[PDB]
Every structure is written in C-alpha cells, then in structure tokens.
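K.L.:
Below, each chain spelled out in residue letters.
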Amino acid sequence: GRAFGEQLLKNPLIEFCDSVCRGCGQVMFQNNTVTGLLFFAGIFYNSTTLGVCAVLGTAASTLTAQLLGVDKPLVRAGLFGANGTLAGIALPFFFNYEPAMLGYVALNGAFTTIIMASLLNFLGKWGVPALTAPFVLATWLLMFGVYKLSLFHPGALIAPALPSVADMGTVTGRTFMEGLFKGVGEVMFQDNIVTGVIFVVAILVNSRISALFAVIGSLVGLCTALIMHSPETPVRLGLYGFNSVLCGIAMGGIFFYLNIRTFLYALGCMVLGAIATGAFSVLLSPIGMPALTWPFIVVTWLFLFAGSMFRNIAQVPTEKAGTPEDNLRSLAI
Amino acid sequence: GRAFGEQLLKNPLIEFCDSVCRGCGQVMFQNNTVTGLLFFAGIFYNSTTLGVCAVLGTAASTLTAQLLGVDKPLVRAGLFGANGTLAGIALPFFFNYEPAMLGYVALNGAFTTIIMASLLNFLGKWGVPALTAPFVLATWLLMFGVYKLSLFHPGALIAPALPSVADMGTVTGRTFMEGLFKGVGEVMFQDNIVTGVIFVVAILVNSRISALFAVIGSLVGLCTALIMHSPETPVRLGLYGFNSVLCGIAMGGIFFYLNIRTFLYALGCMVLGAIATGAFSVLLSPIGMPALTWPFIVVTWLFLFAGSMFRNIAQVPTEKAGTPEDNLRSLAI
Amino acid sequence: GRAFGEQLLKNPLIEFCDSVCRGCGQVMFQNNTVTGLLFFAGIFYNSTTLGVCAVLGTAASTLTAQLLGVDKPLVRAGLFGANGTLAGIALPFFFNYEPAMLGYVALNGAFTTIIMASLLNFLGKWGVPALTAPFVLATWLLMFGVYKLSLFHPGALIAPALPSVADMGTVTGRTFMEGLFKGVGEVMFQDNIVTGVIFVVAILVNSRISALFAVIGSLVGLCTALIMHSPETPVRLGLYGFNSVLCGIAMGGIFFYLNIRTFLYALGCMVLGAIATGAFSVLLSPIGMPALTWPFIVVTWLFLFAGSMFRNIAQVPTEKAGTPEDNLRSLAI
Ligand SMILES: [Au+]
Ligand SMILES: [Au+]
Ligand SMILES: [Au+]
Ligand SMILES: [Au+]
Ligand SMILES: [Au+]
Ligand SMILES: [Au+]
Ligand SMILES: [Au+]
Ligand SMILES: [Au+]
Ligand SMILES: [Au+]
Ligand SMILES: [Au+]
Ligand SMILES: [Au+]
Ligand SMILES: [Au+]
Ligand SMILES: [Au+]
Ligand SMILES: [Au+]
Ligand SMILES: [Au+]
Ligand SMILES: [Au+]
Ligand SMILES: [Au+]
Ligand SMILES: [Au+]
Ligand SMILES: [Au+]
Ligand SMILES: [Au+]
Ligand SMILES: [Au+]
Ligand SMILES: [Au+]
Ligand SMILES: [Au+]
Ligand SMILES: [Au+]
Ligand SMILES: [Au+]
Ligand SMILES: [Au+]
Ligand SMILES: [Au+]
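Protein chains in written order, with the authors' numbering: chain A, -1 to 164, 168 to 334; chain A', -1 to 164, 168 to 334; chain A'', -1 to 164, 168 to 334. A prime marks a further copy of an entry chain.
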C-alpha cells in the first residue's frame, strides 16, 4: 500500500531489480522484495560465487520472460525469477568451475522460464501452481548429459552406483541444531547454519506463519528420516529437511487456509516429502544425479490436485493466493 | 434393488464395512460387497497376515477419505478402498516384517486416497478412470527409498542389477494349469492356485462376463510371454498374467460395450500388457524394484484415452460404467 | 488445388497408398505425397529391408486407424502413418533379424496409432501436436523387455552400463560434411550421407524454408555437441543432429510464424535438443536403450506449451498449421 505517486520515480532498471529482489523471495513463495534481498544476503554470507550465480540465474530468467513478452504482472511478482535463482546455484554446486560456467547459468536460467511458461499453461487447467519444477526439469536436462558432453566435470557428489543398504552414526543434540537450520539453507544449496537462520529471518519479515512452517517442515523432515533409520550424516546436513521445508511453506496456509484440518494435511505432506527424498535419491543413483526438489514437487502436486476433492480441506484459488496472514484476513471479507 | 426401509437399520460401523467389502471388490472393478468378502476369503486362505494387512490398508484408505470428506457416493462405491487393499498387501509381500509394518500400511493406505483424489481431479478432464495407479505411485514412493532409509529390509525379491539376457525351463501342462490361476491370484500378490480359483468364483458372483475376461486375460498374458520366449518360471508363477487379467477385466465390457470390435481391442490391450510387463520390469531393475501393475495402467490408459478417437470402438461414459451385463442392458434402454 | 473430377478416379487401394506416401512425409511434418515417396527412395537407397519395414510399419499403422475408424481427414493427412514408419525402421535397426521381425513391426505400427489417438485426445486440450511421441513410447514398450523376453536379440548398439566420463577424436572438415547429412538421415535411422541429401531434396520439394531449417538444425545440433565437448564420433555420425533437425523443422515456421523472434526461439530449441540428447542417452544407459527422438519431443513440447504465454512469439493454431510458406501467405489473408 505505497503512495501511487512513487511510480513517477520508476525507471526500467529499478523495475528490473525489484523483479530480481522478489523473484528470489519466491523461491520460498514469498512475494517480497526485502525477503529476497535477505535471501541474497544469506547466500552471499556463505559464498560470493554462489551469490553472483544466484543473481545471474535470476537476472537471466527474468530478462528472458521480458524479452519473450510474459504478462507484466507475472514478471513483476517474481514467478519468473524463483527457478532462475536455483538454476544459477545448482550448476556450480554440482560441477567444477570451467570458464563456460556463467554462460551455462544464463542458458539454464533462460530455460527455466520456457518451462515456467510450459507448466503454467499445462497446470493452469486445474489452478495448480508450477512450484519449483521449472528449475528441476531444466537442470536435469542440462546436468544428466555431462558423462557424454565433457564441457563440465561432475563434482564428487555425483557418483553413479546401484543402490544398496549401507555406517549409521550417532544422533546428538548437534544433529538437531545443525539439521534444522541447514534444512532451511539447503532449500537453496546452502550448507551453512547462519545462512539458514538468515533465511528464517528473511521469511519472518514477510510472514510469521510461513517462517514457522519453514522451521516445522525442517524438523518434520529431520525426525521422519530418523524414524525411518537414515544414517545421521544426511540428516545433520539438512538433506532430509529442505524438501519438507518447501512442503511446510506451500501447504501451511499459502495454498490452503490455515486451520486444524489443513494443518494435519500439511503434516502428511511434510512427512511424505521426507520419505520421497529417499525414494528419488535411490531412483536416480544409477546415473549419480541429485533428485533436487523433485520430492517436494511430486508430493505437493499430489496434495494440491487432491484438494478440490476433499471438502474438509479448504483450498485457496491460486489466482488470489497471498501470504497466510493475508489469506485469513481475506476470508474474513 | 433392496427395500429402501433397510436404511432405517444402518449404523455408521456397518456402513463402514460395506465400504470395505466393496473397496476390495473394486481391486478388480467389481462394485460388489460379496465379491470383496470372497476376495478377502481367498487372501486369508493363502495367508492370515496378508489378510489383516489387506483389511488394514482398505480400512486406512477408506477412513482417510471420510476424514478428508470425499463425496459419500465415491466412498460408498469402494473407489477409495481398492488401492488401499493393494497398499496393505504389497508392503509385507516385498519387505521383511518389522514392528512398524502395520503403521506403514496405514500410512500407505492413507496416501493412496490422496493420490486417488489427485488422479480423479486430473484425469476427470477426459473421463478416464484412475485404475490402480494410486497404489503403484504411493507404494513406489514408500518402497524405493529403502536403501537409504533402513527401517525395513528388502526381501530377496528386490535385488538391484543391470539387465542382461539370462535357464529357459520346460513348458508342461502344469505351466498352464498353475499359470492361469496364479495369474489371477497375482493381481493381489497371492502366489496360490486355490486363491486364484476363489477370485474367479468371487468375480463370477458379480458378473460372468468379467469372470471370463479375467480367465482369458491370464491365458493371453501367459501365451504372449511364451511366444516372446520368457523363461518358464515367471510364466508358471502368473507373473505375466496378472497385468493382463486387469486389462481383460477393464477392457472386456466395463469401459467399452462388449462387441466383436471392442473384444479385439481388448485383445490388443491384454497382449501389450504382457509385453509391457517385461518392459517395466527391465526399466526398474537397476534399483531392483517391482513395476507392480504399472504395465496394466500404462497400456490401459493408452487404450482408454484413444477410445474417443475411434468411432468403431464404443466407449462407456465412466460416470455410468457398471458391470458388462448392466452396460448392455442399459444400451438397450 | 487439383481438379475435383479426379476423384471419380479414386479406388480405395490408390487412396490407401496416398495415405502411405504422406504418412511417411509427416515423419518430418511434410504433408506431401512426393516428399514421402522420396523419403522411401532415400531409405531404399541405403537398405532394401529397412525400406520394406518402413512401408510395413506405415501400412500397418495406417490400416489400424482405418480399421479402428479414425476421422478420414486425420488419416488422409498422414498423421497416423508417420510414427508407423519409424516403428518399422527402429526394430530391425536395434535388434538382429528373427523370423518374427515382420509381425512385430506390424504390432509396433499398430500400437503407434493407439498412442497417436491417445496423445491427440490428451494434448488436444492445449492444441499441442503429438509429434513423434507415439513411435517413441510404443517402441520403448516393445524394446525394453528384450532382456526378459528373448524372442529377439539386441544388436551391439544396446549395452547396459552405468554412465561414466569416457577417446575425444579429432574434428576435421569431414566431421562437418558427414555430420550434416547423416544428421538428416538419422531422423529415420539412416546412417548414409546420400540418403540425407535425398531427404533434404525431398523436403525441398514441399518447402524451401523447412528444407533450410532441417539443414540448420543439423548444424546447430552438431556444433552444440562440439561446444559441449562430445567425442568426435557421435557428432560425425549425425547422432547430435537429428533431434535438432526435427526441432528445426517444427519450430521453423510450421508451428510458429517465421519471423526474427520465432527464429531465435527455434534456435533455443535446437540447442537444447542437442543437450537433451546427451541427457536421455545417459538416463537410459543403465538399461542400454536408445532415447530415440525423446530429446526432440520433450524440448519441443516445452516450447510449444510455453507459446501461448509469450506474446512476442506468434503461435500457429495447430488445426490450421501447414507449411511455413503457406502460413505466411495465410497471415496475409
Ligand atoms: Au536493486
Ligand atoms: Au531493488
Ligand atoms: Au533487488
Ligand atoms: Au532488493
Ligand atoms: Au505466490
Ligand atoms: Au558466478
Ligand atoms: Au559461478
Ligand atoms: Au525424532
Ligand atoms: Au521428533
Ligand atoms: Au462387515
Ligand atoms: Au459388511
Ligand atoms: Au465387509
Ligand atoms: Au462383506
Ligand atoms: Au467401476
Ligand atoms: Au497384518
Ligand atoms: Au503385516
Ligand atoms: Au501359447
Ligand atoms: Au496359446
Ligand atoms: Au502408391
Ligand atoms: Au500413391
Ligand atoms: Au504412395
Ligand atoms: Au507415392
Ligand atoms: Au502438419
Ligand atoms: Au522387412
Ligand atoms: Au525387417
Ligand atoms: Au562449432
Ligand atoms: Au559452429
């Protein structure tokens, strides 16, 4: 609710970065300039290069939408920036630096908006959001072929093997302290406790409810994995949190009106997001590749598509969907 | 066509088991209380534990739909029970017993109805039924991650390997006798001739035509596999029947009006269901996992979606679709 | 624009081969009798057996549509022939001859039209074409199971392995000369320079623009692969051209109105088609199977679905879509 006159002051370059500011927030569904800025802050706190590659992905994807002529409202809301952000981080997270790295980030960001547009047209038939699938599909397509096209070289995180039952480690208070905040950091490939805290503060600025569901998701994803007898190391590193962080955020009052029934619904989703993390990890291990946020995407899509069938689960028209605070105030209109 | 007064006698607990009775029948698309009861009978004849785990899956999935508030008509028809039934059997069929087994069956049953609702909303745009895909997707998601989450331990049926050409065995009269009825038993993971016979009698009670297509499907799936030079062992064990049993049933006058053209159409589908069994078996072998009824699902979806394009193949509006006897009597309205 | 009286001369057997003539052209989206004839010519120039197996697939698929009762206009345009053509070549390209080869080609052709009908009904909701996906899905289903059903034996091109980084070879003028025309030949599994030239002449007969985009696609797919540091051998053999040939053709003024913006759009697609070739090749290597034209299909579907979102990219209503020359003349109506 800013003064309408402030628009006399808009030049297209400050309009562009506002798109970038919010694009980044929309990685965790927060349509908020400051949230995104603070996301950047947190990534930059962990690494300068991932910081620039996050910005370039966001910039590359947002620009591509404008060049292609996406409706200005979609572009202004950050929906064509979120997946670019992740496309820019994932690539130097998984591959060793080569000069061509930046060009490839540009390509991957550019590709995300093609796919964002694809999914919005496809899923639009059911009012289901595209979530972060543009980044997963683009990045898989650009990463899988690395054994056949040697421009980049895979980092040691990528190692083809048949799955098998492998030791177990030891749960300590640290397992919990570190798993929690890295769970949140790992939403954007940030192996860093402080970054994760920064990310919660960043969400908190836009919404207390979403910040709380981000914390809960991470805890739910974490203890689901221990209940399921994961080795301690993946769990301390937030590997079983971050899909559930995203579940927590999206289910926890953004796409459904927060109440006691929608809350239990969101709990179901956070748990299955952790279990699905094991599932796609295994499915992709013969080619050594990361499932990324596909466990969040599949589970969440499942719960979103089911919504219109369940009368005790109150769905938000996606056209409308704002923060959980705003959705409840709106329902009282 | 029961007296309407009989509803003065309905208490919610007898309403619940009627849902469970029919849920189970709907594993082979038979909206029939007695059929389901006899399915239970047959499973129980083979094993008491698979019997209870079948009931708990059915109970867990049906309850979840009611808790979530699915339209009472959908719940009363067993559509939210069929996939729960299978989710409850598959888990102790493939994994060794651990105390947590029952909770996990509850979880898996619960998950099926989420997915049932998902698919009904998605596929509803084309009037295409969800078949048994809720169970396949839920169970894959809950099974694949077992190498990474060690709560359960995979049975010896699960063994990651690269595919290769492997001896051939010897076809005998027994190959046929046993392959036929285990083909039907294996629709519900019942390695048992008597169970299979029980299952045919169970279908027969509701529909002679469906019982006949279940027999034919099994034979078609069986000899397709020999024509294709399968080793004798998978074929005697009904492994190449049961996807074709399901094809036979669904195509054979439930979703299409039985005539000479629809019959040949159903033959096409039963054959490709056998070939697809080899296909998904291979696709999933690097991670050692069962395709389950995915070969039936893909092929059948293909033929169902094609239906509205082929004018010589008379489709049933899925809203209406009852037994093959009732569909023909209805067409004569 | 032939005299309408010429239809007094039509007997159903000459109507049938006209369907076969155009079916074959429609493998590269050319609704043109002579183009298809010349495609046949070119295949036959390379091999007599692939020639007959191309015709039988085309014949088997086209007949199945007529037997099933597809709208005569769809059948007359070759849309139910293109995928049959490829189903007939792929099978003896990848498997050693066995007597049953021809029956299987008939089966595979027959299956393509089921899937053509499936996809047309499914994708019809967005006006998106089915491209060559009927052939990929049918052929995968009929090929993957070969390790479990030994009727055919895989040729040495099929060899299950975990991916890994493998020497590099040496780019010469020949890499380019041979890569270019085999890029075009390989659209139909024709490892033959002359065949490829024949194919360009064949397209040229129907459309200069499409013939040019076929050449460009092949070059773009080729140098993308070198930029990406592919070994020289796959590139000289046209393995990185043919998905991009198809991209080039479909994007280059058939499905979008050719202009400076649509051209850059098509460039994006051709590049990602090459990168996706590496991607699906890797994804399917644990089971040793060819991605075929899936890299073209996924990328192209992505750009097609995105179309209606991008206002600077002018889409063709698919109902209407003819050659790029005719689309521009139509836009001037
Ligand atoms: Au800025
Ligand atoms: Au800004
Ligand atoms: Au900014
Ligand atoms: Au900012
Ligand atoms: Au949003
Ligand atoms: Au950078
Ligand atoms: Au970088
Ligand atoms: Au715990
Ligand atoms: Au806990
Ligand atoms: Au009962
Ligand atoms: Au009962
Ligand atoms: Au009952
Ligand atoms: Au009963
Ligand atoms: Au039914
Ligand atoms: Au049990
Ligand atoms: Au059990
Ligand atoms: Au036979
Ligand atoms: Au037979
Ligand atoms: Au002819
Ligand atoms: Au002709
Ligand atoms: Au012809
Ligand atoms: Au011809
Ligand atoms: Au066309
Ligand atoms: Au032949
Ligand atoms: Au042949
Ligand atoms: Au080059
Ligand atoms: Au070049």
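No wet-lab data here; the hints were simulated from the structure. Any given hint might turn out to be false.
If several chains are the same, the list does not tell them apart, and a pair holds so long as it fits within one copy or across any two.
As the list claims (entries may be wrong) - Derived pair list, reagent style SDA-like, types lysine to any residue, alpha-carbon separation capped at 20 Å:
#1 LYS70 with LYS321
#2 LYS70 with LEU11
#3 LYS70 with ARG262
#4 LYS70 with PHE92
#5 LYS70 with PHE177
#6 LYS8 with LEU72
#7 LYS123 with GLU4
#8 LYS321 with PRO71
#9 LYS123 with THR319
#10 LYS123 with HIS151
#11 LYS70 with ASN313
#12 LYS123 with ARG330
#13 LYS70 with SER309
#14 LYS123 with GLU326
K.L.:
If a hint holds in the structure, say so; if it does not, say that too.
P.N.:
Hint check:
1. Taking the shortest Cα distances, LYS70 and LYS321 sit within 20 Å of each other inside one copy (17 Å), while across copies they are farther apart (29 Å).
2. For a Cα distance limit of 20 Å, the shortest separation of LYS70 from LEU11 inside one copy, 15 Å, qualifies, whereas the shortest one across copies, 55 Å, does not.
3. With identical chains, the CA atoms of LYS70 and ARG262 are at most 20 Å apart between copies only, with a shortest distance of 19 Å across copies and 36 Å within one.
4. Taking the closest pair of Cα atoms, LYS70 and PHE92 never come within 20 Å of each other, the shortest separation being 33 Å inside a single copy and 49 Å across copies.
5. When the C-alpha separation of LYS70 and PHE177 is checked against a cutoff of 20 Å, the pair qualifies neither within a copy, at 43 Å, nor between copies, at 43 Å.
6. When the C-alpha separation of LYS8 and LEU72 is checked against a cutoff of 20 Å, the pair qualifies only within one copy, where the shortest distance is 18 Å, while the shortest distance between copies is 53 Å.
7. Proximity of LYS123 and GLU4 under a CA criterion of 20 Å is satisfied in neither setting, with 37 Å inside one chain copy and 43 Å between copies.
8. In the homo-oligomer, the alpha carbons of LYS321 and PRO71 lie at most 20 Å apart inside one protomer (13 Å), although the nearest pairing across protomers, at 31 Å, exceeds that limit.
9. Both within a single protomer and between protomers do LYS123 and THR319 lie at most 20 Å apart by alpha-carbon distance, with minima of 12 Å and 19 Å respectively.
10. For a Cα distance limit of 20 Å, the shortest separation of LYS123 from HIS151 qualifies neither inside one copy, at 40 Å, nor across copies, at 41 Å.
11. In this homomeric assembly, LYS70 and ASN313 come within 20 Å of each other (Cα to Cα) only across copies, at 13 Å, whereas the closest approach inside a single copy is 36 Å.
12. Taking the shortest Cα distances, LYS123 and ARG330 never come within 20 Å of each other, neither inside one copy (27 Å) nor across copies (33 Å).
13. Taking the shortest alpha-carbon separations for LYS70 and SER309, only the inter-copy value of 15 Å comes in at or below 20 Å, while the best intra-copy value is 29 Å.
14. Proximity of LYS123 and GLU326 under a CA criterion of 20 Å is satisfied in neither setting, with 27 Å inside one chain copy and 33 Å between copies.
Of the numbered hints given earlier, the model fails hints 4, 5, 7, 10, 12, 14; all others are met.
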